[PDB]
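Next come the chains, spelled out residue by residue.
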Amino acid sequence: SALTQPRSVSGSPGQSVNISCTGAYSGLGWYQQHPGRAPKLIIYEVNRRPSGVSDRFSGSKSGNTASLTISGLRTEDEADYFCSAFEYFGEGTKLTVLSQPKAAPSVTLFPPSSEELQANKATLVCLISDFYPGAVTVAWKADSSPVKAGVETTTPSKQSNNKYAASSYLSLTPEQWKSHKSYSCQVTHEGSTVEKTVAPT
Amino acid sequence: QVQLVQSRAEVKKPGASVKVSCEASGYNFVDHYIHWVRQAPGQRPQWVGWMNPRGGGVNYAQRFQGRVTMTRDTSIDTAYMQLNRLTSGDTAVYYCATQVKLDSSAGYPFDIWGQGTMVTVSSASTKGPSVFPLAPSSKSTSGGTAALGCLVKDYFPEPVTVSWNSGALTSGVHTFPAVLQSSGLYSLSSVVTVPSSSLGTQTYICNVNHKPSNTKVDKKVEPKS
Ligand SMILES: *[C@@H]1O[C@H](CO)[C@@H](O[C@@H]2O[C@H](CO)[C@@H](O)[C@H](O)[C@H]2NC(C)=O)[C@H](O)[C@H]1NC(C)=O
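Protein chains in written order, with the authors' numbering: chain L, 2 to 202; chain H, 1 to 225.
Hints should not be assumed to be uniformly reliable.
What the hints assert, rightly or not - DSS-like cross-link-like pairs, simulated, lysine-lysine; straight-line CA separation at most 25 Å:
id: 1; chain 1: H; residue 1: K101; chain 2: L; residue 2: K41
id: 2; chain 1: L; residue 1: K164; chain 2: H; residue 2: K139
id: 3; chain 1: L; residue 1: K122; chain 2: H; residue 2: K216
id: 4; chain 1: H; residue 1: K220; chain 2: H; residue 2: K139
id: 5; chain 1: L; residue 1: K62; chain 2: L; residue 2: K41
id: 6; chain 1: L; residue 1: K179; chain 2: L; residue 2: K122
id: 7; chain 1: L; residue 1: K149; chain 2: L; residue 2: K182
id: 8; chain 1: L; residue 1: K62; chain 2: H; residue 2: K101
id: 9; chain 1: H; residue 1: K12; chain 2: H; residue 2: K211
id: 10; chain 1: H; residue 1: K224; chain 2: L; residue 2: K197
id: 11; chain 1: H; residue 1: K139; chain 2: L; residue 2: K179
id: 12; chain 1: H; residue 1: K224; chain 2: L; residue 2: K182
id: 13; chain 1: H; residue 1: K219; chain 2: L; residue 2: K122
id: 14; chain 1: H; residue 1: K139; chain 2: L; residue 2: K142
Keep in mind that the hints were calculated from the coordinates and are not lab data.
Start from the sequences and build out the full structure, keeping to the hints where you can.
So, in structure tokens, the structure goes:
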């Protein structure tokens, strides 16, 4: 039983957003889940709410595709939403309730330190802060060619000013660091890229 | 009140086993199947199996047969789930779930959920970090502000506390959340933004304390050559 739902949906406070789920027997379960918490059943049998679940959540289904509608969007609604059919689950839809103006990320890239290089290792550190919504993709460049190996990127996290921060770490050997004239950290946010580059000294 | 309450989180070495408990209250334990669902971080929930607490019968998902064991103690209303020969692919939050307050014919979906038991399977052993400076440069400097920091690399487990000049410098300090490498160890960076003219007249030390490995390290971040 393969249930498929979109990866992400967005909306602003007070408006309506819906999430579709396509697959056999879809809509028999809809779960909302906030970070660090158990899934909360909000809809069952396509269109029924359990006791304690708000009026604002509604369910429907057309042909093969059940739809979960959230009206009067609050920031409480920002969560992951899963459809389910018996034992099986959909992959999940992150709902982003846009609570603050769009803010581009500020990016800082440090090269390997001399003391790390004398220890026969090289880490590039790409620091990404002050962006909203909480979603960036990070790509690395060795001179002009993409680099995929040795990259570890964190999931975005909320700063004290309610914007988001993330970081990416490129692990090289000293020789690879020294055999290129520059490395770049390209951070894409909402289809617009910001790049920073560093060079061996 | 109908609820399920689970045992505390577990950190296990590869090849060990873990036994997660789940105490039910506020309803009749033997009357409802206990379901176990696991969720790897950022992934979709994975149904592990159910256990009929009346007669102890079980049904496991195919990819756990021979490896998972579901038992119950009706006298204290707690179900158990034991997963054996653990690998890193078993790292997840493990939930018990059940259907009770629903007007449903199926026994799916689940309205009562345990709070989750995080099971982390890792070969990492307790290790203090290596601290490396991140030197200010002309590429950091903008509008009279220079960005410097230190890279707290390869420690386990969380957390580390980073401070600057023994916490005398707090303004403009941004300590980033740590990354977990496939190595199993964590790394984080702390960056602090200072006047670039202050450089060379001012000394900047980042203080790293790792209470678990119990290390304390001081290291300075001055401009390079
Ligand atoms: C889910 O919401 C979308 C809107 O995001 C709905 O599409 C709209 O449907 C209404 C009714 O036909 C139209 O007035 C709009 O012009 C539609 N907009 C778009 C972009 O399609 C969609 O019908 C909703 N689905 C369900 C099942 O409620």
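Item checked: Hints violated by the structure (listed by number, smallest first) -> Hint check: nothing fails, all pass.
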